[PDB]
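This document starts with one chain, in the form deposited without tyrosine (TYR), laid out as C-alpha cells.
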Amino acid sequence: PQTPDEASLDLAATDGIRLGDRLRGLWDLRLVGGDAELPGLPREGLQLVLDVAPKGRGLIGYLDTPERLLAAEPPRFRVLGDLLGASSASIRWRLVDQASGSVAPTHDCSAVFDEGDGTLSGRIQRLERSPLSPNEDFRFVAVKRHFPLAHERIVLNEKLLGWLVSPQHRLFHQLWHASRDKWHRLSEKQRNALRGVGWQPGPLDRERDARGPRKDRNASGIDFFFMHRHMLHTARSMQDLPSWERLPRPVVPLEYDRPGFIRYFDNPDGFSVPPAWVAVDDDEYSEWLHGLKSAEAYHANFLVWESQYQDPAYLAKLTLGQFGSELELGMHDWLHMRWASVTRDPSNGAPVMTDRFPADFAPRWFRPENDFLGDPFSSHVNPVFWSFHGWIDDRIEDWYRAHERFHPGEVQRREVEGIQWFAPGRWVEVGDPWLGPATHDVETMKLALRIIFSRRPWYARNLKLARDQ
C-alpha cells in the first residue's frame, strides 16, 4: 500500500459531528483506583470540560476543579486529542501538564461513551510509567452535567404560570394556529364545521388563511402580529417579561473564552441554545434541527433577520400584513425550534423521543412540566417564548418608524381591543385582527381541533433543507 501524496480538507462527517456533540460540554469527573490520582488535584469533585468545533475533528478541553476551570489562570491539565477512528466505543486524548512549563503529554486517556446526559468511563496511563510494568489501576468516570432547562433558570410566578398552562389557554393557542395554517387545505365540510363553532380564521365567509397562495396579501400577517401583542399585553400585566434587545449569540468556543463557554452550558439566563438531539428514524429532521441550532445558521439566517427587520428601507416596502406573514413563515418557526429542548414526559419530565399527537389531550400533557417550544399547545409556557416574541413585537415599531420616514402620515396609530395598534390604510389591510371567537369553551376547542386533525413537532412540519445540506 502507498501513503497519501497530499492532504485534503477533512471536515467531520455526521458520525464525527454527533460524537463531538456528545462530548461538548461540562462533565463531573471522578477518579477510581489504587493509582488513581493526578498531581496537585483531588480524586473526587473534579470536572472535565470538552469542546469540538461544529465540523472539527480535534478534541480540546481542560481538567481541574470547578473553580479553577472558571478562573482566569490556566487550569492544571489541558486536553488534546483527535477523533480519527473514534466513536462511542473509543475516545482518546492526552493530558498536558500546564504547570510543568512543558506541553509534552503526561497522561494517556481512553474512554467509552454510554447513555445526566451521558457518561464517559475509562482508564488513564502515566506516560512516565513503562507499559512493561504491572497494569496500573487508574480509572475515571465522567458524568456530563444536565443542560438546565429554560424554566429551571427563568421562573414564571404562579399567577402568570397558572394562566399559561390552563387547558383553556393551551387549546386556544393550538387551535388559533391550527385553524390559520390548515384552512387552505381543509374541505368546506371542515370549514363549515369550524364556522359553526365560530373558530374560522378571521371574518366569517372572508377567512384569512395564513399559509395559502394569497397568504402574503390576505392580511393574515396582521392576525399574527396582533394576537401575540395581545398575549404580551396580558402576560406582562402579571410579570415583567422584557423583550430581547438583541438575539443571543452562539456559545463562544472554548479556545477563546473558557469561563464563558463553561457558563453557557449552565444556561444561566435561560437564553442558551439547547443542544440538538437525534430524532428516531428521521435523519432529515435531525439534520434540519442541528443546522438550525448551529452557529453558522445564526450568522446565515438569524443575524440576517435581525438586520432586515430593523432596516427602515427594508420595512418601508412591506404592509403590516406582508411583514407579519414574512416573519411568521420564516423567522418565527425557526425561533421556536432553535431554543427548543427535547420533549419531556409531562408527569415526571423525563426526556421522550416522540412528540405529542395533536389530537391527544390526555390530562398529563396539560401539566406545567410540558413547556415544549415545538408545539403551540405548550410553547407559550416556555420562558424563552416571551423573550423572542417580545423582540418580534418590538419590530412592529421599527415598521411604523420605517413608514413615518418614507411615507410620513400614511400609517396612523390607533387603540384596538385596548392595545396600541394602527388604523386601516394603505399599509394596514384590515382593522379586525383575529383573536378567536372573541373577535369573530374547552370541549368546543377539542372538537374543533379534532375536525382539523382527526411525526415531527408543529413548528417543524414545514421544514426544508438547503440544497447544500
Contents of the next structure:
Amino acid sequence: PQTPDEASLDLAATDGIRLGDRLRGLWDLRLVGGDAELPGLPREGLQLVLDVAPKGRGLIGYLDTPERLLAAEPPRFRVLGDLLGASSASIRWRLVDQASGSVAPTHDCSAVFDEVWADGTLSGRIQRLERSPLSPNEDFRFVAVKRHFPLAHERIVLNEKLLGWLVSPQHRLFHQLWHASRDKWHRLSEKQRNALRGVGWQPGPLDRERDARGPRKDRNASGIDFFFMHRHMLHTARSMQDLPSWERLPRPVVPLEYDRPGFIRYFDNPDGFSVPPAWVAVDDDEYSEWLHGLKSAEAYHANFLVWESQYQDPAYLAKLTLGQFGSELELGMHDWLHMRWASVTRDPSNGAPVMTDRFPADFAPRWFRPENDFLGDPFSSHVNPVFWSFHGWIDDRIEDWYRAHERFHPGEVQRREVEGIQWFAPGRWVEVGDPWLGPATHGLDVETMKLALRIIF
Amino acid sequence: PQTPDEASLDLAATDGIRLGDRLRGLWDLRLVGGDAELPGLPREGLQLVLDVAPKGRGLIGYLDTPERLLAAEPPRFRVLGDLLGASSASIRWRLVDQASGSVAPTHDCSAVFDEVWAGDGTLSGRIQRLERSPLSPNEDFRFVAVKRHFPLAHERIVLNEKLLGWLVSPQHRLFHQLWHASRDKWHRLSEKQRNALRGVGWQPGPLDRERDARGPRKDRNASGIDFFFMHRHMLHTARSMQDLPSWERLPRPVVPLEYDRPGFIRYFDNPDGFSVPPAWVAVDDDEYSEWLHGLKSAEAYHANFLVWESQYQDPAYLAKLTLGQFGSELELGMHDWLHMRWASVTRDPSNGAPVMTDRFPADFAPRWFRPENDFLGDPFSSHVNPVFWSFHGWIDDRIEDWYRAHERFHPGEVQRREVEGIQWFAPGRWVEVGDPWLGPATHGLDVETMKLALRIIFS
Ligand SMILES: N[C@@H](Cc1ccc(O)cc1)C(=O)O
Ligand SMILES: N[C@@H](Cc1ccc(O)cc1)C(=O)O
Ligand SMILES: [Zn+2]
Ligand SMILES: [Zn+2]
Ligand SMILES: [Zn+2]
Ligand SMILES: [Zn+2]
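Any chance you could show the form solved in complex with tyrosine (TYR) after that form deposited without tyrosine (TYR)?
Once more the chain from above appears, this time first in line as the rest of the complex follows.
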C-alpha cells in the first residue's frame, strides 16, 4: 500500500458534524473508582466544557471546577483530541496539566456517548500516562452529563396577565388561522374558498382576497396585512408588559478558543436569546440539514446579517412598497427567524422532547398548556418570549421604510391612524388601506375557528 | 416576475469571498471636503477596521481614532453593510452613531477598491448625511482609506547578526535546497541524472541504496529518519547562536471582529510574527489560489492542523509508527502545509514589492541571495523566515513524544544514542537505519558543485 502524497483539506462529514454537535457544550463531571484522582481537583462537583468547529475534526475543552472555568486564569486541565475514526461508540482525548509547565499530556481518556430519556451522557476510563500498562489495572473512570440547555421561557418570564392572554384558545386559534388561510389560500379549491367565506375567514376583502404565498404575493398588498396585524398584536401586548424590541440580532456563540467564560455563559442562555441547538428529524434528512444550517454561524453571516443590513438601508427600502417590503420580509427573514430560535417540539403534559410535530388539525386540550411555545407553529409561536423580541425588530423596520421614502420621495407617504394604530395612508407606496385583522375587519368564536382550520387541513 | 417563495442559504462565491478578503483588516482613514465632518471626530488621524466572515456576505466594522478602536469602550461609529452586488467598483455601508443612543444609521457610504503598486489596498468614495435632503446643494463629503501594511515575520522577529549571517550564506541556501531537491525528486530522475548526483556525492542517502522521499516506498525506506535528523541537526547549530524557543501550541486563527475588537486589530499588526499572512491570488492558476486560500482558512485549522497537533502528541497514535514512518508522514502532510500557511507573498530581493512569479529553481542570480528573501515556499530560502524555526522546533519536540510513546507500550525496544553530536536513537525495531543523511558529509561544501547538481535535477 501507498501513503498519501500530500495533505488534503479534511472537512468534517455529516457523521462527524453531528458528533461534534453532541459534544459541544458544558458538562457536569464525576470521578468514580479507588484510583480516581486528578492533581488539585476533587472527585465530585467537576465540569467538562468541550467545543468543536462547525466542520472541524479537532476536539478542545477544559476540565476544572465550575468557578475556575469561568475565571480568567488558565484552567487546571486542558483538553486536546480529534474525531478521526470516532463515534458514539468511542471518543478519545488527552489532558494537559496547565500547572505542570508542560504541554505534554498527563492522562489519556476514552468515552462512549449515550442517550437517556428520563441532554447527553459520556462515560469512560482515564489512564495515568506515568503509570505503566503492565501494572495492575487502575480503577479510574468518569461519568459526564450534558447540562440542560435552558429554554427561553425559563429565562424570560411573561406575567400572568400577558401570558394568560396568549395561551387562550381564542388567541392560539386566531393566530394559527390568520396565517393558515392566507398561507394556503392559493391552493384551496373553490369549494373550500366559498366555505371560508361562509365563516368570514377569507384572507382580506371578500371577492378580492390577498393570497400570501401565491404568484401575485408581492403585488397584491398581502405584505400590508402581515405588518399591520403583527403590529396590532404588539400594541395590545406591550400594554400588559414591557416588551423591548431587539436593537441588534444576537451574534452566534463565541468560540471556546477566544472567550472561555463567554462560551460557557452562552449555554446557560442567560438572556434567553441564545440559539437552541438543532435537532435531527427522524426519516427526514433533507429537513434536518436545512434546520442545521439555518442555525449555523455561516448562515448568520450569509443571510441574517444581510437582512439586518438591507431592511435598514434607505436606498434598499426606498424601492419597495409596503406590500412588497412585507411580503419579502415575511417569506424570507420572518420564517427563518422563527426556526433559528426554535426549540424542539415537546409534549405539553411532561415537557419531554417530542419528535413528531403537532398536527395542524389536532386540537387536543393538552396542546393549550403554556408549556407549548413551539416557534415553528403559529398556533404556539406567539407564546415564546423570543417571538416578541424579533417581531418588535421587524415592526421598527417599518419606520426605516417610512424614513427612506421621505428622503427619496418626500411627501408621497403620509401617516395615518388605523384601528387605533399608527400606520400610513393608501398611496403610491401603500397599496391598500384596509388591513386584514381577521373577521373583525372583513367579516371571536372558538368553535368556528376549529371548523375553518379543519376545512383547510 | 415572481419573487422567491422561501429563503435559501446564500453562501459567498469565489468573487464574493475575494472581495471580503480585500476589505478585512485595518485601514487609515482621512476625510476630505468642505462638509467632511463626523460628530466628535477629527478629519485626520482616523482608522477604519472592517471584517467579513470566511464565506459571509455581510460587512461590519468600526470607525474611530486608533486609540479608541483598541480601547474597551464602544467606538464612536459602527459599520453595517452587505456585499450583495458589490465589487471593486462599488461597495456600500452605513454608519451608526453609537453615542446618539440609536441604532438608526446617520450616514450612507459608498467606495471603490483600488490597488497601488508604487499600502496593501485603497478605498475611496463619498459619505452622505441622512438627515440632509438630497435636493439640497451637493455636499463635499468624501474619504480616502489605505489598507495598512501587514508586517512581515522578519519585521517582528529579529535574528541576530551571527545567526542571520549563517542562514543567508550561499553555502547554506544551496545546501538546504539541494538536500530537499534530490530526495524530493529522486524517484523521477533518469539513470543518467542519478549517476551524476552520485558523481558529486549528492545522492540521497547511502550510495546504491538511496532513500527516495516521495516514491512508493517512501514510508518504509527510512527516508523519514533523514527528514527528522537533518532538521534537528539544523536546529542544534542554529540554537547555539541564538535562543529559538519552539512553539508550544499552534497559533489559533484570528479572532472574529465581533468577539474581540482589540484582539482582531492586534492580529493584523503581527506582533509575535506568528500571524497567518493573508493569501494571495495567483495569476492564471485558480486551482493553486483556491488551494492556498483554504490552506490558510480557519476551517483548515480545525479540520487538519488541529488534528495533526492532536495525533502527533497522542501516545496510542505514535506507538504504531516507526521513526521512518513518522518522519515521512509528517513531512509530506503537515510540514509542507506549515510552510505555506505562514508563508508571505514572494518578494523581489531589491525592493519589498511583491513578485508574482516565484523564483525558478535553477535561477541563481545574485539578488536572490539577499536577506530580504525569506519565502517559506522554497527550501532555498525557507530557513531564513523566523517562523521556520518555531514550527520546526515544534516538529522536533514531537520526536520525543514518539520515544515516550514507545517506552509506554514497548518498554526497552527503543534506545537513545548520540549521533554526530546530536541526541538520537539506536537502530532497532522502531529505528530503521542508523546513518542519517546530512548531505555529502555523511554519505560522500562546494558552492559550484551544488549549483551543478541542482541544474541536473531541474534542467
Ligand atoms: N413555522 C413556519 C413559519 C411560521 C412560524 C410562526 C408563525 O407564527 C407563522 C409561520 C416555518 O416552517 O417557518
Ligand atoms: N515548497 C513546498 C514546501 C516546502 C518548503 C520549504 C522546504 O524546505 C521544504 C518544503 C510547498 O509547496 O509546500
Ligand atoms: Zn411570526
Ligand atoms: Zn404570526
Ligand atoms: Zn521545512
Ligand atoms: Zn527543510
